[PDB]
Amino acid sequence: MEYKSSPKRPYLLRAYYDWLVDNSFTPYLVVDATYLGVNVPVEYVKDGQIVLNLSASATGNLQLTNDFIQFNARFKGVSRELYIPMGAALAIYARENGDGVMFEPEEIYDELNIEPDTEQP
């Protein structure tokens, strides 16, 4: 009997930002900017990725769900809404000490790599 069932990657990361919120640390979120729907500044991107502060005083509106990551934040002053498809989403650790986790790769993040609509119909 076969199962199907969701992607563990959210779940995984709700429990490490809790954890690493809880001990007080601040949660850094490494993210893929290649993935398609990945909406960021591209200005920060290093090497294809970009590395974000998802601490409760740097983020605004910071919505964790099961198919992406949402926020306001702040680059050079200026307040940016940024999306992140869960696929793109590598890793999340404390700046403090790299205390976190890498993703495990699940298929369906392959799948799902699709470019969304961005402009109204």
The other form holds:
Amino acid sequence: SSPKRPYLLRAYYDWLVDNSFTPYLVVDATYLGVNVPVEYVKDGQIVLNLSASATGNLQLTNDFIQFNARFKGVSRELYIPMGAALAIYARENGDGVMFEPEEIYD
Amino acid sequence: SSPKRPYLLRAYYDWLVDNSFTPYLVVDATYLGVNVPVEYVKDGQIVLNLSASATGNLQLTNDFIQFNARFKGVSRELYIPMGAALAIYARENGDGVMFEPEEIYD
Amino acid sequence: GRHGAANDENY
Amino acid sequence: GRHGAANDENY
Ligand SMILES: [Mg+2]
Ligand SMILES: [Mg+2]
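Show the same protein again, this time as the form deposited with its partner chain bound rather than the form deposited without its partner chain.
Entire complex below, previous chain first.
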């Protein structure tokens, strides 16, 4: 069967937004195929605010997360392979999920 | 914050269906507000096939699961409060989830 | 001999 | 002093 990660990602994203929390996505910036501003990468990772307010055209698909965001006013198109998505949680209280290390992503 | 159960239910339901599994919902038939054919209740519970094939107008909302189904050819409208939804799994291999006992449902 | 669900397989 | 995310709060 396919990985459960993308389904759980969508579930927690909606739960976070519906509860007025700001969804923060933790990404492994070293993962193959990741496209993010390297200047904002720290400790091999990057945290991204996925709220509709901080993004544009957000897509949460099975194999990837894609959206536009701004950095110091500059707009860029981010692309995150699902295997690089490590967790999603509330900026406000830390509630969310740290994804299980599903084999298929290794 | 609101319960995570309905969001996880929708996530696993979609994951099950997308992987060609038949989603089986485990329900606490004794829970307040449950409307199911009492003749099919056993050990205080009832298992329901939630596939589009076995149901009609299935709704997976935050507070309830509602849909039409047939029993020995007879159609009936089932209503399951979210607190009564105990688990959802694949008829084929048992994969799925047994929901955590979120306090709000007690 | 595997038992299924309560409702009919087809609506 | 709580650190936020990398991208701007508003797109
Ligand atoms: Mg926006
Ligand atoms: Mg149908």
